[PDB]
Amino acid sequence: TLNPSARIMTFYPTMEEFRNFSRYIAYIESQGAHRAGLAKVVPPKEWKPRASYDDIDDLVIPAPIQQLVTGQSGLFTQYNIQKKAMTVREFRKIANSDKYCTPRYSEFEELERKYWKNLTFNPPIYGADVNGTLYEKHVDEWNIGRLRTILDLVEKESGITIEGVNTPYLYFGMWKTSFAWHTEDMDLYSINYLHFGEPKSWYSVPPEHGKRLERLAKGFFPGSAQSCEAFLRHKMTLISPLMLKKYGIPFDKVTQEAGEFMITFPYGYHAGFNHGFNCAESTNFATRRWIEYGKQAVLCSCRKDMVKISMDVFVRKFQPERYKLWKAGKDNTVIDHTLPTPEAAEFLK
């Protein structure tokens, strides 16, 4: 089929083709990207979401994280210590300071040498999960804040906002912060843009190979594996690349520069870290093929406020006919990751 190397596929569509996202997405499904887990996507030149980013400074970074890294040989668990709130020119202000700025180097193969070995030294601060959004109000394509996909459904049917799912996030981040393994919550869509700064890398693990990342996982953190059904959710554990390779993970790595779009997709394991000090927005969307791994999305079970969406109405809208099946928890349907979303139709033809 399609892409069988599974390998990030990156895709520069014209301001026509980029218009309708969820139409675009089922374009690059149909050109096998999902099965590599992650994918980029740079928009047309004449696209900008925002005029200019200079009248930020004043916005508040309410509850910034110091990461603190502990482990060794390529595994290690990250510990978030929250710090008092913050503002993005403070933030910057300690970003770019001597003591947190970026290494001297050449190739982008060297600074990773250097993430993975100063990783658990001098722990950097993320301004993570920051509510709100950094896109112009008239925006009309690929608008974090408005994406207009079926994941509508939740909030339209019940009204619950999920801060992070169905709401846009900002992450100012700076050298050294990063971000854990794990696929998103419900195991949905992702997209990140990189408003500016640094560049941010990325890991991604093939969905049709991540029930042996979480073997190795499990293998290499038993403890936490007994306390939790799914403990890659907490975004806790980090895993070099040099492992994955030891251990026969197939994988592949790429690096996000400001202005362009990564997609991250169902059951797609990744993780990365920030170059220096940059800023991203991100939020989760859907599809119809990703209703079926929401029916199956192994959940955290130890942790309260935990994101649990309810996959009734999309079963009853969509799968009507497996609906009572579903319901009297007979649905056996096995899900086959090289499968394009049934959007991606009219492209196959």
Contents of the next structure:
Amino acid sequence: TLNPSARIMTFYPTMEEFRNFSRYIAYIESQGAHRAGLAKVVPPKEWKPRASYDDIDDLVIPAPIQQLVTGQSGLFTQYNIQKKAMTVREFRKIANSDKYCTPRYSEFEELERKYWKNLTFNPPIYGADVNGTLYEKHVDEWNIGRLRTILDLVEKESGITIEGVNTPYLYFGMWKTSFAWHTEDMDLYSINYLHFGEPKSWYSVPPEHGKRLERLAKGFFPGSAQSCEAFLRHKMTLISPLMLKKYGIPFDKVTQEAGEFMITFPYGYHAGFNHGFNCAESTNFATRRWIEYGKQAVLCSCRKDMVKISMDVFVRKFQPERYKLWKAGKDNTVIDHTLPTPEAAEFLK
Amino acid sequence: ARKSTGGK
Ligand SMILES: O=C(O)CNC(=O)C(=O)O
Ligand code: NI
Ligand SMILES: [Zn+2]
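Shown: the form deposited without its partner chain; wanted: the form solved in complex with its partner chain:
Now the full complex is given, and it begins with the chain already shown.
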């Protein structure tokens, strides 16, 4: 009966708790964290992934995107236009310039209103999807380059690399840069570490009301829905929290600060924006709980070469009793979004 | 074959 409100939880592990990543994810799930779709973990003070960020101004952002937003009344579509390569130095100059910098504000609620008031104006540049990592090679705790989860079975058995999914991405943000409503590819988990800069704000719908958000999205954008079941996977759809309130979709809000991790959980819809110049690192990962989510993930079919993982390896290894049934197409398992991952048993005994 | 922030 854990986290019955399904609110976003924040955790403050000691360095001892922190060390084993998979095991801490099982712990937070034993506390009900997954029910929110999104959780915050504040790493211990003594922890640091990089001694300094003084040297990265020469790093290349090979395909920055200008974010053109169209819409009104809490409903928008974002078009992401690939601009020419620029350096982090070139990006920071634009980010902090009078034209693109963060407006003056008092309370977060004020910055949030300005975001929803102004997101269709003066399209910003998001330095998104940059292959690479800012962790130093020796960093053994919560290293996004090597978290050591069962997602590693993809590369271990097939040799398949999916950039961003089983490798890390860097994201350089400026004010009013946005991520649209979405779950992860194959409904995996994600991890996001805010290396530096101004905050990133998040909205999250609980996985248990996820279908409700899809039904509503389908109604607001019926053309997009009629031509692709999984159109939210296109990552173009922005919906304000006032609209979510108006139609009864439970959601939570959270602001991530420099030095904080966010975890997103399978089928946890999330969206948000950056406050100003910052840098985040992200990848996906898995637990045993994810396997059923992966078997049932509704995928985008209308775009070529979208992210699709063979589940075969995972069903054979962790669900050998159900493999023949699954392969016949007769595995009718119903997901219970409240249940924690099997690995949490250690913490519930 | 790769993760993307979003399309057009
Ligand atoms: O930071 C962004 O642009 C959005 N991040 C995520 O969606 C994530 O980490 O799952
Ligand atoms: Ni995400
Ligand atoms: Zn599609």
